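S.K.: Okay, here's what each chain looks like letter by letter:
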Amino acid sequence: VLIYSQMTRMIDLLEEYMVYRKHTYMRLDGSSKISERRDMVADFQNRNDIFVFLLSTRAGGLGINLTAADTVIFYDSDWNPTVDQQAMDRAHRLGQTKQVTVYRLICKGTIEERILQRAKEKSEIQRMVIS
Amino acid sequence: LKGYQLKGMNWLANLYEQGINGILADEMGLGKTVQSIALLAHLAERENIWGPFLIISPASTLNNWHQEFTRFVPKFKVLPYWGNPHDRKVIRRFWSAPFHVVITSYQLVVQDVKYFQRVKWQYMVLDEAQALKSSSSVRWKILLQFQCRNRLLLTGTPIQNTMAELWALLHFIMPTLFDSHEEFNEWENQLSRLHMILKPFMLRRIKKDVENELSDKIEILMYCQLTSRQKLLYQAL
Amino acid sequence: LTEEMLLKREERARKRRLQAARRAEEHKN
Ligand SMILES: Nc1ncnc2c1ncn2[C@@H]1O[C@H](COP(=O)(O)OP(=O)(O)O)[C@@H](O)[C@H]1O
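Protein chains in written order, with UniProt numbering: chain A, 1120 to 1250; chain B, 518 to 613, 622 to 712, 729 to 778; chain C, 208 to 236.
Check before you lean on any hint, since a few could be wrong.
Listed next, the in silico SDA-like pairs over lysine to any residue satisfying Cα-Cα at most 25 Å (straight line) [stated by the list, open to error]:
#1 C:215 with B:758
#2 C:235 with A:1154
#3 A:1227 with B:592
#4 C:235 with B:610
#5 B:639 with B:693
#6 B:606 with C:231
#7 B:748 with A:1243
#8 B:758 with A:1120
#9 B:606 with C:226
#10 A:1241 with B:686
#11 B:592 with C:233
#12 A:1141 with A:1166
#13 A:1217 with B:759
Counterexamples of contact, computed for chain C against chain A with all Cβ distances above 12 Å [claimed, not checked]:
#14 208
#15 209
#16 210
#17 212
#18 213
#19 214
#20 217
#21 218
#22 219
#23 220
#24 221
#25 223
#26 224
#27 226
#28 228
#29 235
By construction, these hints were calculated from the structure, which means they are not laboratory data. Backbone N, C-alpha and C fix where the C-beta goes; we use that ideal spot for every residue, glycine too.
Please build the complete structure, drawing on both the sequences and the hints.
M.R.: Here it is, written out as structure tokens:
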């Protein structure tokens, strides 16, 4: 599984949780070095153990090609779509041989439904300019 | 390689000889590196052995680029420009041959302008290319100025925002053909004008035109009941 | 008496590509 979040502070909370429940996990905030990104990626591919990967949509994901993921979770959504669409497809790609499932986590009546409504309104505008 | 990639490669070769810049705007996962690494093998006329290609990209992609050349087309040697200032300098100085292709972070190309500009990068790849979607960016203001012949954009999803951001990508592809972002409103029927502008220099897919045997996503909107401590703080806000 | 730079030139020339290639293989992982 991949987990995406938009606050490095929330990736710290998610790390403290995945440490605590003894999951095995690995993280790539925008503070990680290029050599570290290449290490974490090549260790999430090729290996049977690491259960979960922690990412940001605007740094951790960019063209990073995690074909070893079976599933994707959004702990956050951006005010623009496309970043989420890329974030899914950084797992959902021709190098897989598998079923794909994607999850978004949202709180009713809060503020995240405005983000989803702007994301839907934008996604509808964004379809017609392509097809 | 595969048929849609090979069509994209003859399309690329046609635009390359015609002197036309363009977008390989195929869906994410259909394979824009594999659909463009073959340029060095297909454009075989030694131009690409006498002078360099270069790749402009976001830092995380410096993973696969320096790997993929070595397994898809190892005929062409590669020298990335990332890591410490002194270490990248010790790689770079001797470009003043092994330099068939060079791979780069946007946040390095936006700084080291002179030291890229002094070398004649013949043909350009620019990658995860939504990064150039604003003309207010110091990236866009700088990246217009490198004297390459052909510019190729690898948009993981093209375009898809407000009209100034359409203009910002388009006016990087063509420095001519377009007058202003204010007038470009006129360049239902305006969608057909955008399509007839884009058709000769952007490719398209939808994954089902390639992926006969790979799954569609199941996508779950999972709602959550926020807790007591959340309601207390949310109500206080 | 005049070719004497060559035995200095070669020692630097072999260093250039070696150190650039060494750094370009810190880029392995
Ligand atoms: N024949 C192939 N063999 C292996 N991988 C391939 C092949 N054709 C395409 N790919 C995949 O396509 C992607 C290369 O293009 P890339 O820029 O990384 O993806 P994208 O199209 O999403 O922007 C990689 O995931 C690569 O593994």
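S.K.: Each hint: holds or not?
M.R.: Here's how the hints hold up against the structure:
no., hint, result
1, C:215 with B:758, "63 Å, violated"
2, C:235 with A:1154, "9 Å, holds"
3, A:1227 with B:592, "55 Å, violated"
4, C:235 with B:610, "21 Å, holds"
5, B:639 with B:693, "23 Å, holds"
6, B:606 with C:231, "12 Å, holds"
7, B:748 with A:1243, "19 Å, holds"
8, B:758 with A:1120, "14 Å, holds"
9, B:606 with C:226, "11 Å, holds"
10, A:1241 with B:686, "8 Å, holds"
11, B:592 with C:233, "21 Å, holds"
12, A:1141 with A:1166, "18 Å, holds"
13, A:1217 with B:759, "12 Å, holds"
14, 208, "50 Å, holds"
15, 209, "47 Å, holds"
16, 210, "44 Å, holds"
17, 212, "38 Å, holds"
18, 213, "38 Å, holds"
19, 214, "38 Å, holds"
20, 217, "33 Å, holds"
21, 218, "31 Å, holds"
22, 219, "28 Å, holds"
23, 220, "29 Å, holds"
24, 221, "27 Å, holds"
25, 223, "23 Å, holds"
26, 224, "22 Å, holds"
27, 226, "18 Å, holds"
28, 228, "17 Å, holds"
29, 235, "8 Å, violated"
Of the numbered hints stated above, those contradicted by the structure are hints 1, 3 and 29, listed in ascending order.
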